[PDB]
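We begin with a single chain expressed as structure tokens, specifically the form deposited in one PDB entry.
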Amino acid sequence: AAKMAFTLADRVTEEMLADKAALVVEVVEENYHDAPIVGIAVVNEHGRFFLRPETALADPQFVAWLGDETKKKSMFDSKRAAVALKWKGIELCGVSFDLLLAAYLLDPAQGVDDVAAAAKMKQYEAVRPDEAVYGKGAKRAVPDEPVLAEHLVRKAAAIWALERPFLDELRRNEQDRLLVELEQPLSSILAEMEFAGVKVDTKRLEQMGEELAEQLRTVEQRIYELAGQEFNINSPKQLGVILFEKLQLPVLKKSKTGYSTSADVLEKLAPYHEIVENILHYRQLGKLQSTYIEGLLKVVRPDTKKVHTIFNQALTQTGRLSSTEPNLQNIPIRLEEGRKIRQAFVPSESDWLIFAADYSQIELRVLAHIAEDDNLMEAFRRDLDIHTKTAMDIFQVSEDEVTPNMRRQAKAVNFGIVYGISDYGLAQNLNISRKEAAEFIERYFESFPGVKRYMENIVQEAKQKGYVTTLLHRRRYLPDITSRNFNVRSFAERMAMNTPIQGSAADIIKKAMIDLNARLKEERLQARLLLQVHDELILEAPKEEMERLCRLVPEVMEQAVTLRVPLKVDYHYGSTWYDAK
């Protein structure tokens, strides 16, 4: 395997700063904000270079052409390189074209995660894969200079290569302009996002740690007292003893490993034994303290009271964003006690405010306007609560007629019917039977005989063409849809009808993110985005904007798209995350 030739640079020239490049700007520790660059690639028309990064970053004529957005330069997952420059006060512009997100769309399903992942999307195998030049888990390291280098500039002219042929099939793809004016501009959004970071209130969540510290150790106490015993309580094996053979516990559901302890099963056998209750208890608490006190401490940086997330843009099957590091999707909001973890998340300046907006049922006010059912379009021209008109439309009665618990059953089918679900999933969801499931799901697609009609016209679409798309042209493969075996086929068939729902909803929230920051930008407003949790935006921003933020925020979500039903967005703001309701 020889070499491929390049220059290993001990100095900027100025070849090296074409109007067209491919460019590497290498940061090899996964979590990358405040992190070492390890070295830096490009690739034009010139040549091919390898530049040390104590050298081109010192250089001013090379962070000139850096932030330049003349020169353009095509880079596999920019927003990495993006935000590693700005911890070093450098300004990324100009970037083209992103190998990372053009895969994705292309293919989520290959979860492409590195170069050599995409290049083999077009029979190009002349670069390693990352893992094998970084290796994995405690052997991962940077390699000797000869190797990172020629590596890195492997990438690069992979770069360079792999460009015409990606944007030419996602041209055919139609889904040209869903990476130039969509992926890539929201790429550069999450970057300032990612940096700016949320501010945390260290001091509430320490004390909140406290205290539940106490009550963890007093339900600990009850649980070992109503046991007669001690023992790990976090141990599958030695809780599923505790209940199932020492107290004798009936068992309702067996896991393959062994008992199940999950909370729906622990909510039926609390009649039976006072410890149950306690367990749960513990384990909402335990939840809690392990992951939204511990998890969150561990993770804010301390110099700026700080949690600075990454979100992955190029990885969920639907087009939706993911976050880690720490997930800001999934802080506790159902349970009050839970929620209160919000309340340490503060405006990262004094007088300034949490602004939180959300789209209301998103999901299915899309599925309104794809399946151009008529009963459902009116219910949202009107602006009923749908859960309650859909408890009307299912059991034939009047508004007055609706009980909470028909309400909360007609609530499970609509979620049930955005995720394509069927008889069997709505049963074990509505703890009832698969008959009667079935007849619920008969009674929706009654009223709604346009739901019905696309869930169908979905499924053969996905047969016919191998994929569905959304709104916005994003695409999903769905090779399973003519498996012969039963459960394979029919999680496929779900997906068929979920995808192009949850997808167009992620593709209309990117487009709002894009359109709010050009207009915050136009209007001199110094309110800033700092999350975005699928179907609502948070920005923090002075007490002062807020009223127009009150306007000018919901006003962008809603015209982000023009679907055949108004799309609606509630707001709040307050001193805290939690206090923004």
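In this text, rigid core is short for the largest set of C-alphas that superpose within 1.5 Å between two forms. Numbering follows the first chain given and starts at 1. First, how it differs from the form deposited in another entry.
- Of the residues checked (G420, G319, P326, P347), the rigid-core alignment between these two forms shows a Cα shift of at least 2 Å for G420 alone.
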Contents of the next structure:
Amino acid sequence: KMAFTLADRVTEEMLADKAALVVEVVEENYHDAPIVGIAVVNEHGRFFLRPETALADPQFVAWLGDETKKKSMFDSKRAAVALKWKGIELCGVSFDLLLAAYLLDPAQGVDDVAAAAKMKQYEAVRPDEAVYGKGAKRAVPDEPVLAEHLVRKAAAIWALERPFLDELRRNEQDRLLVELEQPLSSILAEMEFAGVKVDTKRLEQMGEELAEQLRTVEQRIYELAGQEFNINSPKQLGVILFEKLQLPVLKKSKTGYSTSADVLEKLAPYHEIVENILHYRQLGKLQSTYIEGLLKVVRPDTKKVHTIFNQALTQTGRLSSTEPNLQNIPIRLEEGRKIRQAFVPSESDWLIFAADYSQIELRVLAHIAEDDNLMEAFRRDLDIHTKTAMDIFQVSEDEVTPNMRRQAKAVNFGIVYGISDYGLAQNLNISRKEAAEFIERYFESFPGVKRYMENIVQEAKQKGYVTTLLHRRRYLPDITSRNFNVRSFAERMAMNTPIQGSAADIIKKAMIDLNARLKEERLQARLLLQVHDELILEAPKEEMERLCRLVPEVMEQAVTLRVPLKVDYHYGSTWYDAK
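Based on the form deposited in one PDB entry presented above, generate the structure block for the form deposited in another entry.
The text that comes after this line covers the one chain and nothing more.
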């Protein structure tokens, strides 16, 4: 039972210039959430503070906001955002153990102090799930149990900083932490806190129209089935399709009949019900997920959504986005794309500005593989899919048909995401054998890419991991598996992670560079969102001309590759219009 002072006032010895700090927010969504307790561990001791005391104390608040008073934390964004909602600035966080653990091995799934500490044989700290419980039973425990937990977390941070930093340095990842992921965390905190304004009235009227179209289609489906059933139950729908209407079973799921859209598209010729089911699902997804789902997470006092970017989750160095996920808002189909008309600037006379990299992943591949053909294509700023078609099919540009371009694009999608010949076969509705032929023809036209793929798979086997341009790492222990599919996937990930992960590295560095430039230029523009290869901002209408020049340049110059980077941009009165 670890020693500490349960303090009832802040003292000067709590305000040392180096500390482990815990500012505990237990709610999963930390926006405008309570802080339940505070712990400080430093050279003078271990301290627990009640937040109503600490956060009302001017000296404690000044210390929190003093850049020269250095703090080590776990998940500093969570604390920084919760403090922002209370009007308190957190500065001086020089070490974030969450981000340190994530960089060392994203596959460990570190999401609490205990999990990080276990990586270095430190077990004098309980998992948060053990203290707070889970789901319905989740609760803040009584003060003695809470205070000991927060102090043990602070103690672990204090003890673990040096070994984590030492391993990062050995991995050549120390700058990645201190110069890239930590500064980014502050930028993400500001994006999240600013939020995105939503035109809820427009969403509600869309919901009304959708509801009417769903009722029409649903009724059509029942008259075509000759009975009512739950269309959203793949079990009940499978009985109607495959038993009652006797449609061919072209594919199964672990549990029953497949009703995936690609299966359904093949069955459309047999019965009118099928097109109606596909339309019902399209409309229902928009209704349940992007109208109703979105409305439920808009804050009613300000009509904004405040996402949380998980910076320490994905295996490739991408962010993820939650509550709402603003990285999967519809765009491909025009009916869904209209959802974007609901995402508006937060101030009158402001506009939405969106800038995206053109083919960043294939450009990164050109650079890392040093493929002469691919590097020449991007040096000419060619349409990469048309050029890929010319090469794999050996035809001139004016002989490339739409279908040839489509198939070439699919081969390029495959390379960008590292999918298998089976995956490409499925995407193109062709045999595995034919997909393998496509892939072989690609390697004849891009032999540098082939050499890269061979060379990286050997490197992953030898080292045990692969790396990205800015030294992000992904371990691939399955590369030696005696199971063909398992090993093949690891080999694809060896090839793919440096492409996907380097693209994540670049856009992160661009975000950092852009925030610095916006401040230097005294612009009011602010970053709202990142969507993997694109950045969305809002700014006064009077700043658009400057941003047209500034934002693409900053993004294009974030790194210097053997090929140029190219950024496209658009702006308008809503996110829909920034196209």
